[PDB]
Amino acid sequence: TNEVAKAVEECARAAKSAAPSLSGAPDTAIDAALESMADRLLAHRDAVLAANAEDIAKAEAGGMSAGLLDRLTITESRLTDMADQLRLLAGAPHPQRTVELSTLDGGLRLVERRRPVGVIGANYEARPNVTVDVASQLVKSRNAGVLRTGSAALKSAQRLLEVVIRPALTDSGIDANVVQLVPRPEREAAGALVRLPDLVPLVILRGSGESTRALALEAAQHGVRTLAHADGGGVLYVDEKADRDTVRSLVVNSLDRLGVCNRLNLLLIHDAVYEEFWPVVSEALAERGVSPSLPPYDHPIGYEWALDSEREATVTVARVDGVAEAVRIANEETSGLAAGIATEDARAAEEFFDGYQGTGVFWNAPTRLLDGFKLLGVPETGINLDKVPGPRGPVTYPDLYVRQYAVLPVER
Amino acid sequence: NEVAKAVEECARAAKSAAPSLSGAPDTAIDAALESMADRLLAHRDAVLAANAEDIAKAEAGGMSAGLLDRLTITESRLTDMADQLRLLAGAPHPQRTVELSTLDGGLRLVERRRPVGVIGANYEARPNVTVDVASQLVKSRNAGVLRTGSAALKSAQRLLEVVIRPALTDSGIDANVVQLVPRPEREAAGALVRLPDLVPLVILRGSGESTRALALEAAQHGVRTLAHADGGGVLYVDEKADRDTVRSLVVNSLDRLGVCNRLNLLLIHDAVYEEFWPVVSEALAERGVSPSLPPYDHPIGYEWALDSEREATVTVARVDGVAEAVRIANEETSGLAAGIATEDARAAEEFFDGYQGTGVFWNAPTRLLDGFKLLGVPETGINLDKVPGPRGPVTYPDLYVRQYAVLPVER
Ligand SMILES: [Ca+2]
Ligand SMILES: [Ca+2]
Ligand SMILES: [Ca+2]
Ligand SMILES: [Ca+2]
Ligand SMILES: [Ca+2]
Ligand SMILES: [Ca+2]
Ligand SMILES: [Ca+2]
Ligand SMILES: [Ca+2]
Ligand SMILES: [Ca+2]
Ligand SMILES: [Ca+2]
Ligand SMILES: [Cl-]
Ligand SMILES: [Cl-]
Ligand SMILES: [Cl-]
Ligand SMILES: [Cl-]
Ligand SMILES: [Cl-]
Ligand SMILES: [Cl-]
Ligand SMILES: [Cl-]
Ligand SMILES: [Cl-]
Ligand SMILES: [Cl-]
Ligand SMILES: [Cl-]
Ligand SMILES: [Cl-]
Ligand SMILES: [Cl-]
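Line by line, the protein sequences are chains B and A.
Add 1 to the 1-based position in the first sequence for PDB author numbering, that's all there is to it.
Add 2 to the 1-based position in the second sequence for PDB author numbering, that's all there is to it.
So that you can see chain B by itself, here it is in the shape it has in the complex:
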């Protein structure tokens, strides 16, 4: 039997049928539902944490790693973080859904409308808080959702859906079926979620590496769009006119977390200052317990260390001829997520900005800042690396809409 594929389709049809309820909800109701989720999460701590305790106990009996148990575990900090983010999202602005453009010939007028996508899918790790984060962002943007979480977090996610997410929607006058959670432990569910172009045309993929890379390819092959950043890794180019203090700071502050997509991965150093800056670069790398990878390399120049658990505390270093070579390497050998330049020469920075084609470009600023919250003050839906018009780089809730034109009588 096709039980896994069947459960995903069922969730999608249920989300689609309920979606009009969310589409027609006024701003006050959407915001009240988000505020209420925050209140319920804190009011029902005992129930939520109890569900989580069972997942944690179950994961330990299966021999889960201490790092993945950390991600599964809901602490007080993460509980209060969840609620604070829900309230921030509730207070965030709603763009105007109908803008009058002009009158047209024949006693008519034109309006540009923002409509929801409909049903958006999401695949992510066994981290309970992600269920609330994703659910809340789709609700804010009037999109129903089909969520797929790592199986180790199912009970936690289901309790959050039951006690936090749904009652809040219902009290605000929204059909609670607009948020669906795939009830299957099977990892195959993720694949089934990117194969329903008629029901779930867009899927948010939160993962990193080979698994996300495969899901993103499978989706594209089935006509399903994604918001994904399978391959990351920031580039930093140290120019001839760089400042020692700034470089030291950039290196240290781009390596605070070694498993993320927007950390420093490839360090390019202008040949003319290599010898002078290496002592500063070495001091900075040592500060973070990171070792340089020098030629001859054992992997491609753009190899992303964050995806190699065993060797994550590593950074690839290359000496380059100038800005033009730095740009070419950045564009041709990396995924085009983020790249920065360290320099005090405005002309060198301008050339780097004009040449680099990635989603975020930086001048004397760490690539670790490429994040929706850090840049825009609103939660990040998930970075997208497409090379075409539409959402790109950090994605936030106002990106999750489709355009529609409406024409009607001028006096109506």
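To be clear, the hints were calculated from the coordinates, so they are not data collected in a lab.
Among these hints, one or two may not hold up.
Below, computed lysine-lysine pairings styled on BS3-like, alpha-carbon distance capped at 30 Å [what the hints assert, rightly or not]: (1) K7/A - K388/B; (2) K17/B - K388/A; (3) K156/B - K7/B; (4) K388/A - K388/B; (5) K388/B - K17/A.
Short, incomplete list of chain A residues facing chain B, as computed with Cβ under 8 Å [stated by the list, open to error]: (6) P392; (7) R393; (8) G394; (9) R404; (10) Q405; (11) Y406; (12) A407; (13) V408.
Here are the in silico distance ranges between beta carbons for each label pair [as the list claims (entries may be wrong)]: (14) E277/A - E163/B: 50 to 58 Å; (15) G25/B - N3/A: 50 to 58 Å; (16) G260/A - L89/B: 46 to 54 Å.
Heads up, the beta-carbon is just placed ideally off N, CA and C, and yes, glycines get one too.
Add chain A with the ligands to chain B, keeping to what the hints say.
Same frame as chain B, but now just chain A with the ligands:
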């Protein structure tokens, strides 16, 4: 080998020249467009001479009257092309760098608009489309790889050599930013949607199965498209519809029978079906169009514009109400455009809330779904899709990708 090699060569030449266009100021772009208008008129003789040779070859080869018409550049078409170029030259340039805010650590954030890079375009053997597409790509600072139907290749090459490229060179832009595949082979179209790292987006101007095939091939190769393979407007006549309004809508949505946004499927509320039948019949007959009534020998959403022999037809169906009309429109038609005829604002609101297509209309013909008719700027090509990004009519300000930049606050 040779066809795919020529297409790849064109893409690489376009990509290599792109920075010159990307870095050109607004004045240079607009001057280039103005110059194209001037050159089209000034070099009328050479442009028309090349077209006359394409016509002779087409006639000798036995091409149909309709296709010869599309291939023929008339005096009027030439002046229309020049007029459109001047309109586009005067159209505004959106701010490519927007200061968003300051950030911690003495930094500031900018949202930048960058060109897509190289955009492909596949279209029929219509000479003016080469100028239409090339000009809109130039306006949006995108380089282009264009592929036209082989019957117009000569005519298109002459426009590229005499009108497009000298105008670019004259404004300080590398003329190689506009490429025209020099192959007669139809296979070049398929080759054009198989280069994701060079030409990530391709504009498909056709209709029907050929465009549907190219859009699927693009998807299987990781290439994105702006396409509207399927069209056909819907019109729902509500119980509270006005008689003269309905008549006007039917007549004015059937001025052209081969377009994607004409009336195709007419849904009439059950309670007024008998009363409106004489109004609808007379309005269809006035346009030489026959109704297709049940039992049908085709799907309710079958698009007459794609059936040359039966183009002069409109499907008529009786519906129970607004909810049924919305379901049929959403589930059984292309999602391009639907209208409602009614004097009841509550029925209109319900239709507007429920219908999911790219354009929705209240007492207004679906023929208005066009970039020029709505926005007063040329149409790049409608994109019929339902995900974030360009949708409905597409115009030059849609052809960009987002980039964030962070730099020191005082720089
Ligand atoms: Ca009127
Ligand atoms: Ca200093
Ligand atoms: Ca030196
Ligand atoms: Ca130290
Ligand atoms: Ca410039
Ligand atoms: Ca790609
Ligand atoms: Ca066709
Ligand atoms: Ca194929
Ligand atoms: Ca009646
Ligand atoms: Ca019936
Ligand atoms: Cl509202
Ligand atoms: Cl409206
Ligand atoms: Cl994923
Ligand atoms: Cl981050
Ligand atoms: Cl400018
Ligand atoms: Cl800037
Ligand atoms: Cl051809
Ligand atoms: Cl390619
Ligand atoms: Cl096409
Ligand atoms: Cl038209
Ligand atoms: Cl019904
Ligand atoms: Cl039109």
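Which of the listed hints are not met by the structure? none
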